[PDB]
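The chain below stands alone and is given as structure tokens, in the form deposited in one PDB entry.
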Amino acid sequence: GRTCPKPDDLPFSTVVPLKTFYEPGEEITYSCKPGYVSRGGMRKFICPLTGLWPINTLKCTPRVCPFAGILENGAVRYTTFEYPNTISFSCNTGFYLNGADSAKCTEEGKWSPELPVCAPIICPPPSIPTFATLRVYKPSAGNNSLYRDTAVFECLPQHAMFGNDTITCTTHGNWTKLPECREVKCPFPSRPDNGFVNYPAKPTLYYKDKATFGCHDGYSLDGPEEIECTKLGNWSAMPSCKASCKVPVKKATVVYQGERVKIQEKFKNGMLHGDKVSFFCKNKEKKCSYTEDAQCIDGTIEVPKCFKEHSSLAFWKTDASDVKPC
């Protein structure tokens, strides 16, 4: 008689018992859903004779977990520290996340799992490779070293290193690949024909030992004057002495290294092996000049056939050097 209606549904709460109508004298209890609280706690109400439920002061509000916006040496992604939500973590470079990467604020107003910490990445003292020595290494964290620190070895004399010489601290707390130092010796160098070779005094020549070369008065070197033991047991290079050329004409203007020179004065003491010049030849049809090349190879140089060196006396004839380019 003059029943009460179904109670109002209010945010984040439950009503018990939930019926569609109530007799006067029946009781209902409002509770905030788990994870929410409210000033004054529950509300109980009794359906009165009027059939009208009283006013409901229920204030259902999500719990809040402790402030968690500051992760020393790292970064929290968050919207709000309220009951439904989760937050996630990362760390600045040189640091790792010691703990879980995300946390959740639970019904009990607690973070689970517990908030993490960023710790500095460190690598243990590095092992020294066989036949090596630490040239530079200073640990920045007691006996250990921090991220991106480096150390480098050098081998002992007569030993050749394979792979980069420095190692650095990875983000995973280990070091990069280590060098290998082996012993390497090469054979003796060959003395060159018409030349000499000098190298130090000992039964066996090892890595980065240096031998130097020379040539007699009419010959010059084919390669570098100095050579050394490479890491693979042979030599930098193995040069020979080749024969210079006599200048093949009496008077002619040629291109040596992009500039016109007079071959008789530029090579007054001979053309060296490998010296290349370009002679001037006359296209008759087009009344002009063009150039063909000639190179001194082991005492032999071959002037192009088209070339005609005019007599000193015959002044009328004009050298291809003086005729306009084609």
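The term rigid core refers to the maximal set of C-alpha atoms that superpose within 1.5 Å between the two forms. Numbering follows the first chain given and starts at 1. Compared with the form deposited in another entry:
- Only one candidate in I28, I297, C281, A68 has its Cα displaced by 2 Å or more between the two forms after core superposition: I28.
- Here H310 counts as shifted, since its C-alpha moves by at least 2 Å between the two forms after the core is aligned.
- The Cα shift for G51 between the two forms, taken after rigid core superposition, is 2 angstroms or larger.
Moving from the form deposited in one PDB entry to the form deposited in another entry:
Next up is only this chain, free of partner chains and other molecules.
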């Protein structure tokens, strides 16, 4: 007699019982696979005497989970919302994901886990360190702060801040490192030889107290006029009063700070300690002029050997300063 052959394999379906041939009268059942549905549901068929399976209209399609394309204050990555697809979640800047960062459309057509929600990152009010005060703080969310809000500490008078005055509200709802404020003391600064020092009239000097230095005529400071008590207990500097130099020649054109000057004119009131200058010398061979340097150090300046004075107009090809350069 005729038999029906092995039934067609339709997409996303199973057939029960599955055999390679059937006697007329035997029943098969097509079902959608878990996670699929079809217009009509299960199709049952009985092998007819002709041995021909009739037409099967079963169309098995994925279950569709509910629309999950919008995360308030964030983003969803998805292709479609159908079984068995995963969707991914993330939050805009300043929000955190309250829930799982992914979810799956299950064979039952619901999301697992449940869809998350985005919420504002918040820090509680910050603690004030000891001997610190709070300059810049205003809450931006009820009484709490929002992500990347800042607070600024300043120390009490006579206290140095170790660390940094500005804290930020982090992603972890806690603030960045607090700074410490300790009291710091400096010794009295030493009066320099050939000068004086002024600092405030009181028995101890603290962080940020200023001392100013002066020199007697004929001396200048070899460092800054004003110094301050630093966070490490020492002073910003300790300058000396150093001796000025007499102009070492009666008349000469020199280079000072990259320009030609008359040394008698530019330094009519002496040369300060530090003042550097270049004297002009003649190369007799190549009939041209070169410079050698000289510096005022604590009342002494060494004019180069090559320099020849009584410079008006005399020596062949005139003053070294007026001769063509080498």
